[PDB]
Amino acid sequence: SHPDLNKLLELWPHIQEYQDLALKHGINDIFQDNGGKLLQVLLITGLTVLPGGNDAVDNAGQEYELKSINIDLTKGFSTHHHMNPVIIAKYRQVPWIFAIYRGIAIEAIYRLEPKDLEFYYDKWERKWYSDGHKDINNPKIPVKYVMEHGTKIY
């Protein structure tokens, strides 16, 4: 009924192709849980997403953390909802990949090394002790930090 149906039919073969390319990479559904966004980070980066420890691994076995924001909607990257020195002990070991989307398109990707995040890890750990051993619910990493301190891979 919407004449936009012509358009849909025109478009549809290419949406299915884009979804075949996501299946190839471990994403079952492009239209659910930002699946079609994530495929753009995996294809530019060459990463492979890991199932539900870290989130991605490259060809050489290096694991990474992978955090995303839509910059229209927000300016800080989330980390973990209940962090403590043991989450930080895990976080201390790997580089982090930070993907910035604007809408459905990736706008930029940054890589930060553990040395670039010791700032917040020391601070968070201190704060878990000074607040009497209570878990910090999702501290955030400002976009300006990651853009000051990282390597722009895209």
Contents of the next structure:
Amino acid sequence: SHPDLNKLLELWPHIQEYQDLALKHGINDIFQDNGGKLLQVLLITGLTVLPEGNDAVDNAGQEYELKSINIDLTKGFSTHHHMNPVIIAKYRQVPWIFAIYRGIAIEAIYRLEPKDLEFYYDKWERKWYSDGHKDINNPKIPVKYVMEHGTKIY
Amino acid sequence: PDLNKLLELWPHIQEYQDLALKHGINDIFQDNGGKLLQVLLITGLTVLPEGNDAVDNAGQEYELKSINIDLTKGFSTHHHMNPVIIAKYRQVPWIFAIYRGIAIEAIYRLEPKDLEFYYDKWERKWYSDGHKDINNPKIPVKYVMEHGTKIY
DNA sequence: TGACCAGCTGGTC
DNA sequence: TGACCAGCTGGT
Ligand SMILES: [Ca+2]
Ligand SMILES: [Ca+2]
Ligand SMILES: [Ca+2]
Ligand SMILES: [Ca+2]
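Follow the form deposited without the DNA with the form deposited with the DNA bound, if you could.
Full assembly next; the chain just shown is listed first.
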């Protein structure tokens, strides 16, 4: 019905090829949970996806939590819609990989070690107990903090 | 390795993203943008700038839902379903888009009339459950197909 | 920002 | 088949 549709059809074959490339890499839907972006991070860093929980591992066995952000829209990294010590429990264990995008375009990739994150885990932990054991609705990690505390791996 | 293929494939992927922006979709890889765009272009609907999602030329607003029947057979509704969520939901028809991976299979339409069955269920359960939010109660594709108007 | 608000979904017994 | 269990985020 909408005319632009024929353009989508011309494009679609290549899109399907990208999906195949993502499927070849453990991602089954490039349009789900940022699959399309996650692939970019994997192919660049040489990390592999893990089939909930940690998101990836390197050839050394190290597992990681991976995060994305569209700098064209926001500056604070999302974490979890219901943060609490149990969620912070999983997080504290592995280093994180933060990817920065301008839309779907990969800008950079930083890597923070658990130590680089205690600060926020402590804040959230502190606020948790205090607020009367009330979950925190997606607290954010500034892109600035990531850039100044992580290691630019890309 | 495969990084090359991705780089080759990229110009097009970027066109699709340009095409989505044009149609009010910020990221094709976020919140299923790439798929929302497919439905808009087929149905001819227009996105809405996060309650209702699209609207027709007549000005009728819709709640739009998607699914990969390769993985699941139940439509997600809301992670924290409560009588407020429901109150709004009750105001507009729904567009259900069925997919096989990234391949759009079909699209259906449901009137609030045809969803009141589930609204009542969640509401009653919410109230009698001690006012506890329901964690993403699902609407079966079989229900959608049997009570909805195929529009694709 | 710190802190509130609010989206899109799959997985399973 | 209902009812629980979880994930990816942006907006102010
Ligand atoms: Ca995770
Ligand atoms: Ca993540
Ligand atoms: Ca909505
Ligand atoms: Ca929707």
